[PDB]
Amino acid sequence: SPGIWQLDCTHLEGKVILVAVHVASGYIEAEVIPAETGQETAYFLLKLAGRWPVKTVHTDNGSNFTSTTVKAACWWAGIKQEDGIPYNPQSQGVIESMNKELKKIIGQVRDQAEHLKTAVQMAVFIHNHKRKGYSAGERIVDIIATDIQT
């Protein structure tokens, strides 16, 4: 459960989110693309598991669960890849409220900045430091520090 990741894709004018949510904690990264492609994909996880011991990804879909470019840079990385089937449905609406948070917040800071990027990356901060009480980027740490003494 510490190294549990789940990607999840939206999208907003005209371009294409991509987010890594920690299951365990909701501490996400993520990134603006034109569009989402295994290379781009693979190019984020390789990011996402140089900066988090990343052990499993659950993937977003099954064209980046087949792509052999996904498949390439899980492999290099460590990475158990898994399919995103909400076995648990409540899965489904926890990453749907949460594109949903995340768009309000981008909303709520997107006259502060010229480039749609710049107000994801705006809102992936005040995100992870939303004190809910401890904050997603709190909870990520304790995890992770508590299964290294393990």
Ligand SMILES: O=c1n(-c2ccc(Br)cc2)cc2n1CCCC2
Contents of the next structure:
2 protein chains.
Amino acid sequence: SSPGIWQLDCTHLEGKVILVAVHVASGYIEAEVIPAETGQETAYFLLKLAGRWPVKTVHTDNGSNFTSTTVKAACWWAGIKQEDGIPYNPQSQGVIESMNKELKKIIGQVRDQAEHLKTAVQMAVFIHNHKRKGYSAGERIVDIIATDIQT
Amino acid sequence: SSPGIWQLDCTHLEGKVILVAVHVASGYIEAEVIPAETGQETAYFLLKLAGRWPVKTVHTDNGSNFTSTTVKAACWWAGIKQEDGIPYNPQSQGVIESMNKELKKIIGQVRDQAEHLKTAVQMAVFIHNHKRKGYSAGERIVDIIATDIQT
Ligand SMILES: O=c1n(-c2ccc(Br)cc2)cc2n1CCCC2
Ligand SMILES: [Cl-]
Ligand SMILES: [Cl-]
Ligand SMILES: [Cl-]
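Switching forms now, from the form solved without the ligand to the form deposited with the ligand bound, please provide the structure.
Full complex below, order starting with the chain above.
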């Protein structure tokens, strides 16, 4: 199950919304800037994600996206099991919180290199996914999925 | 090195532009709809791509993008070797052409399920990357990159 599990996360900066998908087992992320977190924006984001990686399960970021007919339609279309994001394990909240703080720190470090926030966010995605902690998140996700394919 | 080689491709539909990146060894793709193919749009697309996969070399789709200072700046930022896309092997032009025709066929098959072209394009990316040819393009890219990380 673990190779296909992702978590949605919504954070705010500069009066805008940054929508993040985290591959839970690796820490690998994809992210986008949107005007506001609507069902239509979340649905489209999930469609993109699932065309790019083998997304089996998504823990949604809030109850509005869990309820959304548009989000449910995208999950149906893309073969995604839509689940809640209730942190039954309480360390999940702290991990997400730490991630948002770290992403915002990186955005700050690149902000002056980017005219638009969306460029800074994608620079932050790049830096995060390439950072060695020794393997990177990008290396870990590929290894996890490749091992799963060989089953 | 083949695991890191991508090719840019620009095709047109409904008076709009579809920008495609193909992982040459696997056939895996990412794509976006843009109003027009500018250096700024191409640069941003490459930044996104390189944050998500280990992009070493990009064969650019035309001379304007090869020349573009904005595209060159993004390639510099993201650690991408920007190359030309001259088909020294002539089978390349046919492979790209066949890809565009197939993508447009899939878009036609889903078009009525999508209000906006961009949704149809992402549905086509999904269908293409999951199609078993027996492995899918999505499976092939992960295997190729995972083997490269391990060797
Ligand atoms: O590195 C991260 N993150 C993460 C993602 C982005 C940033 Br920026 C910081 C941490 C989230 C997780 N992991 C590892 C596995 C648990 C989930
Ligand atoms: Cl919002
Ligand atoms: Cl949208
Ligand atoms: Cl154009």
